[PDB]
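Next comes just one chain, in structure tokens: the form deposited without this ligand.
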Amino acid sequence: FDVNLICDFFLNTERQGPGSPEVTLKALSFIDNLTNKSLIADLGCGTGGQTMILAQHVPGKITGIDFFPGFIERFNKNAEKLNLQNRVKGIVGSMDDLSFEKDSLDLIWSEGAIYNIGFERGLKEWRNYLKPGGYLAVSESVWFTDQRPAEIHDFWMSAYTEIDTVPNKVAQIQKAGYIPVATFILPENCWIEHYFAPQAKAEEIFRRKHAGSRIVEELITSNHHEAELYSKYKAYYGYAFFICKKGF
């Protein structure tokens, strides 16, 4: 239950990281090679929230993959409420131990999840599953400037060491063999209105239900710390969307 308790929390939240419906569609506005015969993959799909948004604005089949059964379960449940389970199926797997036929995907999606496998690594390894001239759309943590207060910098150095500046993320994408077709930083309501805000609302009902659990206490204490650091340093970092096209 140590792991499930955390998954259980996010099932009562909008998303697990910065993002919003408008941003997912804006990122999508840059993919122009989709058709009924397209094969799309959402890696680290989570509860599939942004997956349903795609499946409603683009033709083709979508396969969500995520490490936690609990998320994949809700993912399919929701997929069924929208009568989409026919072209949108959830599956439990790992971003590194994938089994996609080489050069079979037209689009690889992944919002706030590539940090698990690593930015550069994802680029390198995921490129193999994309058809030549395919699209990889990911949102990642970025530095807005080359200089940051010690506090916010050390914080990221303790969580995600690969957080870099946009120039460097873009450089890597090209080095990996893609063309940086579209890159943009997420707006702030992607952190407040659609993430931290709805998160807080749940923190209350949730904490009482599992009163005493140190796991849930640690979590809530982290959330507030994160939301706090963002209001105090939101001018030094954020989330950016990278739409990369396979080259060669």
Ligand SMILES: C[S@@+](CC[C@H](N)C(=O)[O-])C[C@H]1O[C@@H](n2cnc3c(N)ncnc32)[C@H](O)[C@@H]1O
Second form
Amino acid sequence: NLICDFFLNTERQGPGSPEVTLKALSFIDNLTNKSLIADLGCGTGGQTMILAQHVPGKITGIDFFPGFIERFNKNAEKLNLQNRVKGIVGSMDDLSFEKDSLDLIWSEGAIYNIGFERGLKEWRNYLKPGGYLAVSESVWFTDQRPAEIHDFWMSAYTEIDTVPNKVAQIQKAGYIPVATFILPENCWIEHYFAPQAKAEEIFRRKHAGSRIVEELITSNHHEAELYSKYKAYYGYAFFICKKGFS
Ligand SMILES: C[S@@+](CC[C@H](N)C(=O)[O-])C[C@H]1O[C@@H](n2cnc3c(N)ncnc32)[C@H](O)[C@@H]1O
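Got the form deposited without this ligand; any chance of the form solved in complex with this ligand too?
First the chain shown before, then all remaining chains and molecules of the complex.
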């Protein structure tokens, strides 16, 4: 409801950065102006527009919040990409894409809404054999971690896991684990948490007295506080996978 509004004030609603999106793209080599691309849980489309400026083909951005899709389509226009890039309000667990029709499925910081292993399994049916799946997901950097952070994550995303386990689940799902890399901390600080600050000031005064808004801000500071304290134990990792049977 009012949450979309808060996030409309940021270039991105999750950890990431232009360099990271392009570094992930650097592992995808099957695209042409005939390629069909989908970006699941695209948010306002920050990473989608970056992607669109470097790869040919049509891109469909899909997101649950109508507020984000409107922003996605308006930005697309200011950029003159509305012919090959269009936002659609929908859900990643209820897609209507033709089967085995996509060359690439993109999803940054959004697969947790449906679960990693579930996403791998379900989205595979919408990809052409030899197509690509590129997703950024939360991961543990080690096998042991302090309780404070571990518990926080069980209450947010129970499916967070180490890089090795994620990689084995990818192969198990019937994909070739093409490329896997950990995101730099600036994807969390410089590009995620820092920008949320400017937004809070302005947002909080505008919605003064709103219990929802106040708790959102508390939730942000807590998450940020936890990261700068346990950043050495977790983060995001990008996973590029090619659907088997080439
Ligand atoms: C962490 S944000 C990332 C947004 C954008 N991908 C980015 O990296 O800036 C998660 C996104 O998933 C979207 N989302 C949540 N549930 C969804 C669902 N069931 N189907 C599609 N999108 C969903 C949320 O609205 C939000 O835009």
